[PDB]
Structure formats: structure tokens, C-alpha cells
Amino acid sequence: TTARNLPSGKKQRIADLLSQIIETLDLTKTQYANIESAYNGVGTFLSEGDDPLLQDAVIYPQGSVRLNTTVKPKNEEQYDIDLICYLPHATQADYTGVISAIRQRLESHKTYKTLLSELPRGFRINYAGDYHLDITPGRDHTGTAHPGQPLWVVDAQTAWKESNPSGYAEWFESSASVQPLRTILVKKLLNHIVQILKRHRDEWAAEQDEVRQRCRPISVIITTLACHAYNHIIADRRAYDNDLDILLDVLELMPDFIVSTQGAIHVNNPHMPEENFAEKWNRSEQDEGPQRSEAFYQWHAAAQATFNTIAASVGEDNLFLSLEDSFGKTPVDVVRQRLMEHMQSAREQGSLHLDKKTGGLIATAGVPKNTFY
């Protein structure tokens, strides 16, 4: 049995279960406001510096935090937040000057200096218990017209590498807004798909060996491929009403967008041509890069096979066991407990109804009380 051959109702139920599973790992609005206030305070303290180099600094979010695709890391209590500062007067500043300015300014503050920790690319603040702060220095880049934010960022080896965070965010937000046409009868979707794929990747990575663990797919490559696949299906105007069919189609279209040129693999930022998200894939020293090309394809095959496996399950117990195997036990436990509470309430409320054709329970012919002993 394949996931495509199932009726609409079964696939829709599987999709609802997947969405409810993902909702657990997502961060709430209150925590988001907490982090926003924290990094706004850090940036405001920075701008107070008397040093001309550090003056006019601004902090804005980056990565998964900006794109609203955060998934709680498994076995880790701390969510990750990574942000980048922008110094307009650092157009020709030196690396050491910016590093020293930021380091001394952060060391000055009583609360901040105790939790401060150095990172290879920047600085980190060890907020205790549930979330992290990552800061990356940045110089403006001039001479390349594009929708927004040409910039230099700091990489230890080259001391300056090209990047464009805001353009990627604008492109993703513009892409995710459009909705596929749904067949007529007689969070955005792309965000959810990316989060589901990342959760499945995190589950798959743990079992594998060290070489497959290190070379596991990165989040940004999956994000770019998923956006590229989503654009193709939204343009072709294919009609989908089966919710896992969209995920299957996007995942199937994903590997066609890896581009090879003169033996070099390029997955590129749409706005900045010099932003290679697959740079380590190209480097074949000790065959480390070539293994990463096999890891993505093995993950793609496994992720295709997992929904066939779920589709083959008969029995509610088998379905829940398959979901536990695929997307972690602890997220699934909450969903099943919620289902039992709703069923108990429906038994109390009297909204438990019996289907005519199958005799299946309908949770919302009111079922009388005390069916048991």
C-alpha cells in the first residue's frame, strides 16, 4: 500500500496528526516576545557605546527565527536564536576593531558579562534554561543592486564572506503567501512542510553512524529546495486536495533543483548569486563532500518510504506506533492524550454519535452513559 492510493479522509487525518505533532515543538508568542525584548535590550545597550566604530549598530533576527520555522531541538532544552548586527560606519572597518568594540561593550554590562561566551564566528549570551542568543558582526556591501541588503559577514578563515539575509526572508515570505488552487466538488503551508521535513530529518539522523550524522542535510538547503519545489507546483496550477499529496509532490520535486556545473554543485540564494549554501558539498577533500551528496538522497528515499510505511498500518495502535517511530514518542503522547480527553468529554457531553455504514464513533445518535461495567 502506497500513501498515494489511500482515500482522502485517511490522508487528511494523517495530515492533521502531523500538524498537531509539529505544534508541540513550535515556540509560543510569549517566549517570542521575551527573546525580542532581550535582543532589543542588547542592541540598545550596544548603540550607547561612545566608540565611533560601534555606533549606529542595529540588531535584527536571522535564520529560522525570521522565517517562522523553529523546531525545538530534541534532547536540548534551549532554542536557538541567531541575529546579526549592522554597523553603517564599518564600511571599511577592520575585523579586530569590530570584535574588540563588541567584546568590551558586552563585557561592560554587569548582567551580560557573566553569561557571555565566545564563538568562532561571533559572540553568544548564555541565557539560562530555554533559549540562546547568537550575534554576527557585519559590514555593508555596495555595488550590487538587488531587492535588499547586500552585505559582508564574518567567517574565521576568510574574515569576510558574502551574505544577504533580508533578501532570502523577503523571497520566502513572498513565496509562502500564495495558496494552491483546491479542487472543487459537485502558519503557512510551506512553513509546516519545512518544519515536518526538519523533524523527520532530526529523527532520522540519530540512528545513523557518525559519518551520516555529521553529513546530514542542513536546514537551509532543505528550505531552499522546498521553496523551489513549491513555486513549481503553484505555477503549474496542479490541484491538490489530499494534504500529504502536497508534501509528497514537493519532496519528489526537491532533488531536481540541485544544479551541477563543471563538477561543482550549486544551490544558490535566488537574490545573491555568490551565496552558495552547498559549499561543503563541492569540497571533496577526504571525500567528505561526496558523502553529503549521498546522505541527502538516502534521506529523501527514507522520507518517501516512511509515509508508505504509515499508510500500510492497520489498527489504531499500529498507526500510533508508526508515528512514534517516525516523529518521536514524546510529541505523539500528547496528541493521543488529548484525543482521549476529547473522547471522554464527548462521552460526558453526549456528542458521541454512531455512523450508519460502519458503526464508527463520531466525536464532536448520542451515546448513553457508562458503556462499561
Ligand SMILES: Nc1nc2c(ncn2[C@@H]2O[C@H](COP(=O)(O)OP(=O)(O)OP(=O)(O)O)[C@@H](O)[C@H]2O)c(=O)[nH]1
Second form
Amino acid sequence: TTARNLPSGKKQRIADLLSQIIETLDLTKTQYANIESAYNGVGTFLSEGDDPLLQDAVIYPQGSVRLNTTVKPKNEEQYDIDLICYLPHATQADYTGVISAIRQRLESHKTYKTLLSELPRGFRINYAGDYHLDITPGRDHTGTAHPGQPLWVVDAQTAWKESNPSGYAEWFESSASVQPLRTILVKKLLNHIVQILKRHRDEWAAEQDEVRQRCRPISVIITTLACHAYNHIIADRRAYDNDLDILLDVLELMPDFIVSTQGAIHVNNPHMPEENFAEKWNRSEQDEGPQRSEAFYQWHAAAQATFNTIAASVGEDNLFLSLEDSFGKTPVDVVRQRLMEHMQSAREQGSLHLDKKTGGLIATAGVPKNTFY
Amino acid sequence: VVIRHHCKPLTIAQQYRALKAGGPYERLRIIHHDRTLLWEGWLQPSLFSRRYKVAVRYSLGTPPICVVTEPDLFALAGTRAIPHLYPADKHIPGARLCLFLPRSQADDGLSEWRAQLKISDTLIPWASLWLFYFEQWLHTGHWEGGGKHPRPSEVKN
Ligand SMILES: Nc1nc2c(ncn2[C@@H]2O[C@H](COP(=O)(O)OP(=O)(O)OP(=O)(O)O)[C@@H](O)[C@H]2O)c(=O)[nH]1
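We have the form solved without this ligand; now please give the form solved in complex with this ligand.
Starting with the chain above, the whole complex follows.
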């Protein structure tokens, strides 16, 4: 049984289970307010620096926390936040002075000494079992015509690489608000279909070996490719009855829209086409570039093959046997235990009805209570 | 329910006409010289669960008997003991199901199944409610839902 020959009710019920898992596994808004007041406190502690390179230092967020695509990781209690500090008086300066300046500015505060571990992309102020804070120091790029955000970042190898976070993020925030056409049936959608493909990736690494555990696909090259696949669906003006064929067609155009040109794989930015987000794909020491083109396509085959295994199961005991292998053992047990504390409450409230022609019980003609023995 | 005692136990014909208003039925006979009603059909618990065939037999003065005929339930029980079963019938095969607390265990005199209520409103949603807890007995090894009392001596028969 295939997932495209199913009716719409089973398909959108499967997609409702996927969105219920993603709405469980994400980051809540009270924690967002605590993270926001915490990193604004780090930014005001940077702005009172006596060094002249540290003056006019401002911090805006980047990564998944700007696009609302944050997912709790596998076997990890704590989330991860990443940020960029932009310094206009450090444009003349080198990277070692700004690294020692940010390091001394968080060396002045003693709680930021007792809550610190280092990382090569920037200093990490980890906390006690709640979340992490990351930062990255960067200059401004002068001499280029751009729609927005000209910037260099600190890299450990070449000592000044390039990025362009906020124009790429506003490109996502302009494409994400557009809703496609729907047929007549007789947190946005692109923000959610990225997030279920990240959750499928963690349980995919529970069975693969240790060479494919390094070679699982990195999370920003999955982010930009489905943004490419969503622009073509809007430009084609097609309509969709379901919300699982917006996940299956986007995954189908996901290998066709990564464009290799003159032998080098280019998944770039629309605002700044210089730096390569698939430069990780492109390197060919010990044939590692064919290894992350093989292991992306193996996950592309297994994110269509396990969507036929949920459609091949009969029994409600085998529905949660198959969805145990998609999400892990623990988060399917929270969704299952909610589903018959609603059903045990439906016997006492009388909300549980049963149509005889379809046969199936529906939980929102009242059944009497205390039926078993 | 505090109900009047003016309503009598009702005969074969009133639940004979009542069973045709709901659901698809294969055959609905009357046998043993206008005594025993018989119903079988296709009953599904939910959208993704299995296909079941139940069987309903009624006589006046006797409680009704529900028994699932297909599938056999012991191969998918995995040869371990299924609880909430009565002693089995000698005439038709299958596993007999329990659906009610009887008259001798109640304190007000009115049983959970009464003779005033008709057949199709109550006992086939209770059979679908037994089947909705039957396949969630599996994957956890427990009977979460309604449960019997832990009686020290009483057999409930
Ligand atoms: N290589 C690279 N990845 C980035 C950059 N900015 C964001 N990401 C990625 O964004 C992806 C998904 O977002 P998150 O999982 O929330 O990122 P994160 O766990 O907060 O990342 P860290 O704070 O650095 O630990 C991760 O895989 C990051 O690698 C970047 O400038 N370079």
C-alpha cells in the first residue's frame, strides 16, 4: 500500500499525528521570554565595555530561533540558541582582538565564568539543564551592493569567512506567509514541514552505523532546499486537497532543485551568491563528497518508504508500533496516553457516539458509563 | 436511573423491528419456534483497526450473548490467557465477551443491561467498546480502562 493511493482522512490523520508530535517537541513562549531577556542582558553587558572595539555592539538572533524551527534534540534535555554580535568599530581590527575583547567582557562577570564552555564558532554560555546561548562576532562588509546585511563572520580556519543571515531569514519570512491553493472537498506550513523532516532524521540515526552518523544531512541544507521547492509550487499555481502531498512533492523536488554547476554543487543565497552552504557537500578529501550525496539520498528514500509502512499497517496496536520507529519510544506514549484520557472522559460526559453504518466510535447517542464488568 | 416500574419487559418483535434501522447486516433470523434472535455483521472500532464479526443471541429471561466469530482471537492473543471472558458456548465457536454487571451484584436491583432498553442502542457499542480496549490491551500488557473489583472469594457467576 502506497501513501498516494490512500483516502484523504487517513492521510490528514497521519499528518495531524505528525503536527501533534512537532507541537509537543518544540520550544514554548515563556522559555522564549527567558532566553530573550537573558541574551539582552548579555548584550547590555557587552555595550558597557571600556574597549573601543566593543562600543556599539548589538546582538540580533540567527539560526532556527529566528525562523521558529527549533526542535528538542535526541537524548538531550537542553535546547540551543545561536546569535551574532555586530561591531562597527571592529571593522579595522583583526579577529584576535575581538575574540579577546568578547572573552574579557564575559570574563568580567563571575556567573558567566561559572556557566561557560568554549566552542570553535564562538563562546558558549551554557546553563544548568535548560538551554544554551551561543554568539559569533562579526564586522560589516563595505563595497558591495546588496538588498540587506553585508557581513563577515569569524571562522577558525580562514580567519574571516562570509555569511548573510538576516536577508536569508527575511527571504524565508516572506516565502513562509504565502499559503498555497486548496481544492474544494466534498507557525506556518513551511515552518512545520521543515520540522517534521528534522524529527525523522534523529530516529534515522538510531539504526545507521557510525560513518553515516557523521554523514547525516546537516540541518541548514535541508532548510534552504524546501524553500526552493516552495517557490516553484506557488509559481505553478497548483491546488492541494491534502496536507501530506505538500510534504511528499516538496521531498520529490528536493533532489531536483539542488543545482550543481561547473562540477561544484551550489546551494547559495538569493541575496549574496558568493558563499556556499553546500561547501560541506563539495569537498572531496577521502571521497566524503560522494558520501554526503549518497547518505542524503538514502534518507530521501527512507522518508518515502516509511510513509508506506504506516499505510500498510492494520490494527491500532500496529499503528503505534510503526509510529514508535518514526519518533522514538517516549513521545508516542504521551500522545497515546492523551488519547484514552479523552476517551475515558467521553464515557462520563456522554460525548462518545457510535454511528452504526460506518461502525466506528467517534470521540468529541450517549453510551452508558461503567461498561466493563 | 430512577424509572417507573409500569414499563414491562418487551417481546421478540419490538427488537426485531429495531435492529434494521442501524448498520449493515448479513442475515437476521428468528429460530427455535419464535424464541431466539440472531444477528451478525461487520463492526469496525476505528479508522485503522481490524475487521470484526460479532454474533448476538437473545432469549427472554436470559442475558444476551455476544461472541466474536472471526477472527479466532487466540492466534492474535499469542497463546496467553485473555481475561474478561465467560464460560464458552457449546453451539457456536468463538470467544464469549462480557458487557455488563449482572443483577445479583447490583444494589438497586436495576442491572447495567435492562430488558426495557432495546438491543442495538447499547450492546453493540459496548461490543465495539470491548474491542476498542481489546487491541490496546496489546503494546502495553495491561487492561487500562474499565476494570472489575478485586474480589477475594466471589466467582461472579
Ligand atoms: N554551518 C552553519 N550552520 C548554521 C549556521 N547558522 C545556523 N546553522 C545551523 O542551523 C541548524 C538548525 O538550527 P539549530 O539546530 O537550532 O542550531 P543550533 O543547535 O542552535 O546550533 P548551535 O547554537 O551552533 O549549537 C544547525 O544545524 C546549525 O548548524 C551557520 O552560520 N553555519
